[PDB]
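Everything on this sheet refers to the single structure shown next.
Removed from the display is one protein chain of the complex; every other protein chain stays in position.
Each chain carries a letter (A, B and C) given by its place in the written order, and its residues are counted from 1.
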Amino acid sequence: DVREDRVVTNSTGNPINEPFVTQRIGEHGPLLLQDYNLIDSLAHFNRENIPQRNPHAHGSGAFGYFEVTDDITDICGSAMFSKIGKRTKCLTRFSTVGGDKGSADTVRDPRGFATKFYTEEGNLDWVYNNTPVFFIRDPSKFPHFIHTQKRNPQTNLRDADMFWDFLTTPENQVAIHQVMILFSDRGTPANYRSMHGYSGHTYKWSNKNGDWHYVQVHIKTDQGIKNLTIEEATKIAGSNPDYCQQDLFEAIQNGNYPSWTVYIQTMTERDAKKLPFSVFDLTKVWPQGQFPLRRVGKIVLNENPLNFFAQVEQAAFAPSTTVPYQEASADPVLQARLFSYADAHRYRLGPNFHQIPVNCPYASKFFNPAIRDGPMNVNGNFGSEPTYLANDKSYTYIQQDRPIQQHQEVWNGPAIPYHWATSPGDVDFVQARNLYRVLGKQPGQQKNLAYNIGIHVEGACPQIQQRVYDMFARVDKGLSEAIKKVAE
Amino acid sequence: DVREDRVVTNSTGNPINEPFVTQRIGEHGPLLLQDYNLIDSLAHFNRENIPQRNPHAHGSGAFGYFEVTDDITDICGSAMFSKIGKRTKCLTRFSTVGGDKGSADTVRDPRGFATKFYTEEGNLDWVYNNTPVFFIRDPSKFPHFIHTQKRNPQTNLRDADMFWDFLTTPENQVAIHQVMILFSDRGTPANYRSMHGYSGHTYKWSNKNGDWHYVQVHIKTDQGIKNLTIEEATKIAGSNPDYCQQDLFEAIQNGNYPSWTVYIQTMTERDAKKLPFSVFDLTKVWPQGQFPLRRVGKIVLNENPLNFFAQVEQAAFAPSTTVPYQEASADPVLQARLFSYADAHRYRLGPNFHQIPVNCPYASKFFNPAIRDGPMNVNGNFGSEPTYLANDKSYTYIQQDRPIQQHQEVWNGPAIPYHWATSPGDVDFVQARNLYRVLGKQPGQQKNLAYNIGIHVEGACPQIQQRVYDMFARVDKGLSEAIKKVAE
Amino acid sequence: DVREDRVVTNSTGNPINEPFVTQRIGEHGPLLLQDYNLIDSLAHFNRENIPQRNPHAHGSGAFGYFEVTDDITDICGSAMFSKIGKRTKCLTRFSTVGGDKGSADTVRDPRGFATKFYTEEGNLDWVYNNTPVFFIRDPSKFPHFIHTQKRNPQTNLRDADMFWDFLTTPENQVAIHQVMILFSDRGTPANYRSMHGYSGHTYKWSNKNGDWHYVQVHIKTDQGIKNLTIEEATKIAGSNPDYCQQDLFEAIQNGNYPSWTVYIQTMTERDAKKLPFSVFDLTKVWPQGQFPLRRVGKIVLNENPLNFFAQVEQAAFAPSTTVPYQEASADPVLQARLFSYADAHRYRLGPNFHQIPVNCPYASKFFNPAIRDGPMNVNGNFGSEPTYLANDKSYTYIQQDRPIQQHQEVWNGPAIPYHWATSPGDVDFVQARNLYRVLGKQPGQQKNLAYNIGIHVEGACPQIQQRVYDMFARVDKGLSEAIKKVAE
Partner (left out) sequence: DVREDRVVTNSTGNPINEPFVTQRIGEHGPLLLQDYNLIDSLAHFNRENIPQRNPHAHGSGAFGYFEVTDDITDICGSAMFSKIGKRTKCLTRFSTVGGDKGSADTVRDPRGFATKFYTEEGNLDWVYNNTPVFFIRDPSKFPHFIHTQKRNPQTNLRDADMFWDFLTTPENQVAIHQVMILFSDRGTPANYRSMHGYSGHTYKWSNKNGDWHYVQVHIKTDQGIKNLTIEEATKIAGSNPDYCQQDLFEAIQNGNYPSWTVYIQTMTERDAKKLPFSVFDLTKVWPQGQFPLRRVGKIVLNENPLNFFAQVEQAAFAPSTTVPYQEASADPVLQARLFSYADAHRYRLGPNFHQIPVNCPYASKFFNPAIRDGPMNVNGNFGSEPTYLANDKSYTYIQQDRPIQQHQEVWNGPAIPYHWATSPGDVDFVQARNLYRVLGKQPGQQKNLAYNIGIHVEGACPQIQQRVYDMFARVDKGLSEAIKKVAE
């Protein structure tokens, strides 16, 4: 941190005797190469920026804690859940998805809700979105999808034809449950404090006996759901582009700390076999009548970052950062995510990104003899420790009899290249329709959904507009008509 | 380079069977590591972004040409000015300054106007802004200044206290001429087609006989100055963030090509001595009565880029990229800029950034036996050519009798650490005051200037607000009172 | 590519007046910042180096061709094997393993024999070594193993204790077959032209009718096996560190082109289950009596690189670079190599490494709408092509119903974490013992094996020396006694 006497130095600690002097011949002659302090400052300035995240480039963050309020040790044996009242420090980063780093907060998008827990068994990242489902169930489709959400390669404008061309392509129409949620007013939250978080995917949690369950996590806001209409969202995007960032910072600064209650839905393997859809399908939700929400604990965000770049922009979240007893299911999208994020951190941040303080596991320090060297190895590189498992040294492997996934499903089959295209019939449209009816219970929302879709589809090509109307007619023909009226 | 048969392959040209298949055990088991096509696509997706420009992160581009319309061979011996009617291919990137890559087009900022001319004597970059002057005359002050134009290190919000604290600091108040232009409606142009371009700095151009002149360039728009008020600009920022990108793209696409007339002011070393201010000062403009504009040619932008990332985002512009007979003056800001841009390019784009097609000197091929190797050397690396000047090989050095700068000023003095702080008295406030006089001729512009400053200053804390009033009071006391009325 | 008028320019094509002039005040005053040509040259000089390969940092290369001399279309349906007499251009890079970039050629090590074939179905990389087997059959062991082959973390010296401590650790002693080949005089070849290349792993090749075979490839030298003794190799290591590079360059320059004959061993799925060891085990060779060598073609290297950095150092070889009908087996080491190489290339060379000319698939151009952007995208980035599969555009997917691996083995089981430690009994020592008997037919090679191990083991401390004697006594008690005699 900052030296107490507050002496301004260059990079190598040499004192600067005047803040702005630059050497030249005389008072107004040519600048000299020997002014190394000028080059030191200008060259570090040129290197301030790292690549923005792809996607979720634009975001906000805050520190807090998770607290266990109820017993779930019969579902999960992770140390962070072992005792009621046990707190684990965390870091949450909220974000949008398609926009670049300087884009506005109040636009229509999913919001990310990524939390990092510093547990005794290492860091745990719950890399969640604010929606129960997502647009795809094929991992290979993700580069293609995010490209259509961003800017046209030539015009560099957000293109409504790309957007809707992808989503109305028959094999991609399984995105419809998610398109409904996006274009409802929940696609434009009032702020980060008044939205939910969801695992989306099914995960597998195990207790210490070896009993395991399929789980889905719900992080419900205690401040309550509050949204903006698209007209309010568009006005605020122009007057204050940093509206949600300002709201989170000011709420924590004023002591009005936001909290969320964490719940899980559990299901056994036998129950999963009896469902009309797959537990490995990201575009489906589990019925809360049959599978109710069991309470686990709370997330309170009570501390602002001191430095946004160092603590939030450099923060790295990955679903592969998991503790014992919490594992990923065979959901194809989650499976690919176990590779993608840590790979992105090695590019965006660097080979030794886990040594950056917010990414460092302080409650369970990194120690691995064979993970050494790399650029910007700053923690000492374990000194003279052998670079392999030397026989005259001692090493501890805890929980040796704990299973990773041996005790779970038995798989059978060849290596099949599979494209989980939109199924024949109505199975991938049922839940979008049930959601349309749930919006009928809330006044003004079915009308708003049609308006939100309509003013966006208006920009599209007439051939693509018709495919949008047909796709939505398969959900509800009344909804399809209402979209067309707004679009024309 | 799209192959005619349009066979979709992976990175190493191996054909893909089906666009979205990913390997797993059975149809719904875990994903397999042997699916190298999935990893190839996801890993390249993670590496799509390069760091944004610091500053001028957000921008638009277009190709076109320069045409000589008048003879100025008496002033400058560069090959691009030799014949009347001579055309040189160019690339122009327009941009804002403080905002990040995804920020809006219609915000208050200077606009960049950087053109790359592909001449027979290598490339030439006229890295200009849309304003006659700039905020600083000390190069060391630029990291500090851009930081106050961006976001607060903790809150990540754009902060009016930082902004006005830097500009009202006594030794930085020489920024006042530029603050005046910034907060006029010229600070929010209607589009890139209806704004000017200016050298800012004094350059030194010389003819083939060895005679030289201090030169300042003026790129005037043929569509005429058209501005927006701040209420209009703020509505469009939320409504269409890419308003000026859309405007430039559509204008060229419809055949309504934007053009600009290029003009220069010239001056002798003797005339520079009879001047009230220094020719090396960026915050000063040369009076057009004494030094009239002399026409040179035209810039017509008539071609959109095919790929924005490859051709506009990877474009690299530098003051140090200059042709024979065009050199930099001893302006300290320009002197440091001869270092900064190429240095920024090596980091942002890479050591061999000049091998990227838009940055390549196609009309004067790069050849240098000692500039070899480096990451991503893709043009052959001159094959087996000696890595030095081998005596059994031939090397041509053209224009050996042409002087660079030894035929110009003679300097005398020691190496002095100098800070060109705001002069005591009125010399650095005179031109801001006469700029206020010129705005009195245009109806409603002085009222708009005071409004634009007043609504911005309104967000600052009382102490800094008072310093802003005193600074503007020194230009005109009526202006200061008018800003204070809007801020209250 | 060199411009024929041979005018020396800087990076941006601007002509240099005099090769070595640098600007200063007067003739002997301080250097000026405005000399951008000096900084262009020095800054590019600073960026010449890329990270060396980890491992195989030190090596040599040459271009040539593969020619089909026999019909093996019943085994493999790849286009490169379709006609007898068909030629495919290739690039081979030979190398050592443990040593850094500046290390000597004639040291004891495996040699790499990596070939890239530019086929009509994309590039094919045969990333082979000069030994039939390898040290490990667990991919997780690879970081640990290369670490012990290199330098001690503190002393930075090659350490005989690390080396033998890893290899004599009980669960790693499956390395013994490879330790035997390494310490024979085959571990110090006379040159790259007089050594063999081997697949190591089993691969799965299939014909156009969907029939497949387990295959192992043998690339036999037509120049004949020639080796150095360790005393000769050590004397040449000091005398000429680049002995093998010089030999390959001069042999091709003098027209004495080296060639190798390619043979395959095939096996069906039924034959594999009758074997006393696993086809997925890298430390095992297939008996030639039961599985004879079948000839395929010839590799002839006949053209030297014009530029070593651009063509050999920037070359990228990966097992995952494979053409249709050639796939990897479930060998765990090969499975991890399917990820490792392409990942290393994205770091070492960069995101768009496949755009570097020698890595470019020229006979089957790279085209994929979703693999876009990234630093140093120099081939145009497909221009205005959509960044997804646009419905108003056309895309060809060839060999749509050709299987990748569905037509092969059916896997069954849970996700088991497995460590394939040295098996009980004699099974992992048998082939090491029969290799010792084969060296008994070639006079002097058994004494040399004992000597080569003895002088290396002598540098280890007595506890580790005893474990080495014990491990080799398990092969042959006579061998063990002879190693002990030389080491003491």
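Convention: contacts are C-beta pairs under 8 Å (C-beta built on N, C-alpha and C of every residue); 3 or more make two chains touch, one makes a residue touch a chain.
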Candidate in contact with the missing chain, chosen from A:343, A:428 or A:476: A:343
Candidates B:85, B:414 or B:443 - the one touching the absent chain: B:414
Listed residues C:131, C:149, C:216 or C:304, member touching the removed chain: C:304
Option touching the unshown chain, where A:12, A:209 or A:254 are the choices: A:12
Touching residue (missing chain; options A:170, A:292, A:357 or A:444): A:357
Positions on chain B contacted by the hidden chain, ascending: 25, 29-35, 143-145, 147-148, 153-154, 162, 165-166, 169, 343, 346-347, 351, 370-372, 381, 383-391, 404-417
Where the unshown chain meets chain C, residue by residue: 17-32, 34, 38-39, 41-52, 54, 57-58, 60, 99-104, 138-143, 146, 151, 153-158, 171, 234-239, 241-242, 245-246, 249, 278, 280, 304-309, 312, 330, 332, 335-336, 339-340, 343-344, 347-348, 411-419, 421
On chain A, residues whose C-beta touches the chain left out of the figure: 1-3, 5-19, 23, 25, 30, 33-34, 36, 39-41, 43-45, 47-50, 121-123, 306-307, 309-310, 314, 318, 320-324, 328, 335-336, 338-339, 342-343, 346, 349-357, 359, 361, 363-385, 389, 394-400, 402, 404-405, 411, 415
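Note that only the chains that are shown with their structure count from here on.
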Centre-to-centre distance between chain C and chain B (centres being mean Cα positions), rounded to whole Å: 47
Length of the line joining the C-alpha centres of chain A and chain C, rounded to whole Å: 39
Multi-partner residues of chain A (each touching 2 or more other chains): 25, 29-32, 34, 143, 153-154, 343, 347, 409, 411-417
